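Coming up is one lone chain in structure tokens, specifically the form solved without adenosine-5'-diphosphate.
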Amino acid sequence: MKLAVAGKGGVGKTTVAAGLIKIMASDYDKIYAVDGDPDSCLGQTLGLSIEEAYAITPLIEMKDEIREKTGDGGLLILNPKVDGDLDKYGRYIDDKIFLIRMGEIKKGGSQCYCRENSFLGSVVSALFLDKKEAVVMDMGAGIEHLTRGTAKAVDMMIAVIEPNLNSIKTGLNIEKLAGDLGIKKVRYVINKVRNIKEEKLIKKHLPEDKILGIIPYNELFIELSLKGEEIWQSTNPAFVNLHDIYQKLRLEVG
């Protein structure tokens, strides 16, 4: 089970990936929760406190590891071996979920951050190609972490969008970037659906077969201090839809 959750909505969208991971934790013996979204924090949305999350050094910050894996002194190791060291690049949030933080990819300068990028690329490659454990990687709409080499291992690309033309466009694009990349299955997940009018708008610009499910908005079940740790219980409707979405997912892949 190799899953990729892409969307342009920060924490809100990442909550979907987080939710799927928590549900999958009851079926899989081990899950690699990969935070590849620079404008979000899969760790916190998964229950970790600010300090617990930061205590988990992101790949981009593992200077010594980067030096050892990619080389140094003007020499670059073309094919880095890290598959066996993955379990050292993160922490077990619990007895099932293992979180790995990618870290923001430095764009400025345009000089040559090959070493860092190489280390991150090698980790993503191992996670999707060399590991047998379930993988759920959260990422932005650009999905730049994925390549045609790892796209083949992706069981499904889930595009999380909102019920509005603006977000619908972003979704259609994510479906394109993923499609042209190699990913065979791309499904949608409508998040923050507040009204029926928004639902009709969805069933208008997207086919029922491409929609994995819908997640209703909760003003008193997503904010305040009742979100995060308190959700294991089947309370808000968003919980019921998450499961149905999961079942739809398992049916697609299985």
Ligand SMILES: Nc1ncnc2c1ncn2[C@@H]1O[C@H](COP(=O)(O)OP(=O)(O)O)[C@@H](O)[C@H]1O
Second form
Protein chains: 2
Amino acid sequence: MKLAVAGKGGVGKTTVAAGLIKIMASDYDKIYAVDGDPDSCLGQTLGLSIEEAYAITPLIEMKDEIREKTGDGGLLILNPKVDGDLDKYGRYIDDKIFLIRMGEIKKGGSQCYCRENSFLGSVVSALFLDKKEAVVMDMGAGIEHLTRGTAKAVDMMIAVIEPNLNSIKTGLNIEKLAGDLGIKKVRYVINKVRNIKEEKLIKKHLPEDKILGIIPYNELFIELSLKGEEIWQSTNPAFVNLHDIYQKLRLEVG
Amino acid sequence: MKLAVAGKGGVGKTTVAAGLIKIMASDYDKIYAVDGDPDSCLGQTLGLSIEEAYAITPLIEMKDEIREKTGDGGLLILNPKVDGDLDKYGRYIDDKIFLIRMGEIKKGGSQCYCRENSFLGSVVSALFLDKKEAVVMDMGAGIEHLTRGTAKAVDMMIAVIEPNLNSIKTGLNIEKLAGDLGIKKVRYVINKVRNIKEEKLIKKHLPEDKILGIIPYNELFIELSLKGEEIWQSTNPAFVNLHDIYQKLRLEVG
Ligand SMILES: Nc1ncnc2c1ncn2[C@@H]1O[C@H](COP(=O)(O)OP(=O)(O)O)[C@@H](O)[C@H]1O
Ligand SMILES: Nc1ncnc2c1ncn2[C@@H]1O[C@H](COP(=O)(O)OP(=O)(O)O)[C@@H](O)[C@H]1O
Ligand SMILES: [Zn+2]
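Switching conditions: you have the form solved without adenosine-5'-diphosphate, so give me the form solved in complex with adenosine-5'-diphosphate.
Then the entire complex follows, led off by the chain already shown.
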């Protein structure tokens, strides 16, 4: 299973990705958790501490590796082979979850970032096209880390939105961008739902077959994230809705 | 006088630029004609032949110069000094007009064009910010060759449009992009006008103080361009409208 989880900052899309990764850990022998959004920490929401997460160097900061992979002596290899080296680009959180952090994609007028972006790109391609392992990579609504090439392997793109008109169109633009890239399955996860009136608003704007499931708003996520305590423990009620969502997902992916 | 002439392909914006350059030649000691649109030949519409124009190597094709200016041995200078070398980057059409051809700006996924685009960029900056000489550079509606840095020196941005709703909005987007870049004066030249009804349509959508002048549609430009005969000769009637436009222009620029 190769999953992409995207959403606007603040919708709780990093939280959703962590929950699915947490759930998948039992069903697969190994899983690559890919933090493709620098604005939130996938690792910490997965249980790691600030220190543990920070020690996991981002792809964008692996200067020697980037220089080595992109060549030198006049050489400029923007499509380096890196599949056999992925496990040297992150850490195992436990015996099943391997975390890789993409890092900030810079843009920025006056310089060349081709080699850097080329390295991040080969790793993403290696994760989706070469590796057998399951992969769950989160990203912002722009889903910039994906390309037509990798989009071939993405089993499903999960757009995470909130129950309001604005978030719904943000959700629709993700489905557009994903489609354009060639991703066949784009499904929705409504998060932070507080009432039925919101559920109805979602059902009128979204085909029901495109909806993976709903996750209610629970103050737990906040009072639980504020401290070193995994939020997807049996304690969390909304943890059921996640399981429901996970199963519906595995049914479509086959 | 530093002029930028932009317009959608086919509006005749290369023709307008050539006419102004032709007219300015008498009022200035030297003029840099800059062909910033590969889709049409500024040089040929200025009187050069296919051969003469083709011999004027485009900036984008000066590989040794690009390599030399951007450095080597690990060096990566994306802001090279090139002002003292501009006259080695083109040809004098006559004793007053010096032609420089930008060449195709490539984009194109898999590679690095930073050094190339960096060279074209330093030349444009050298033309607008360093040189005393008058400059008339044409470009497509995207006006991509310009930046906030050079936009400081652009005395006036001339948007060339046709008398129809579509071209008018294309014209407005140019004024937007130019403004965003920081260009203070954006004026319009209506071209290929066939009747008064079209003139009225222009006057209702455009502040009259923003309009430089109109140039009527004359079959001459076509039956004249098809052969080696300068289209801005006293013969051409519309040549007056140009002169009118040129003078109104010099009045605003001071
Ligand atoms: N269902 C929920 N109910 C309440 N708070 C939630 C819920 N889901 C996520 N949150 C909180 O929303 C905030 C942002 O979550 P995060 O996953 O970082 O969003 P994103 O990755 O879209 O920026 C965090 O405080 C997270 O705990
Ligand atoms: N006022 C005009 N009347 C008739 N034809 C014109 C007029 N102005 C330009 N043309 C013709 O329009 C065609 C395109 O001109 P050109 O300057 O190459 O446009 P652009 O640079 O916007 O692509 C040429 O045949 C040119 O002679
Ligand atoms: Zn580059």
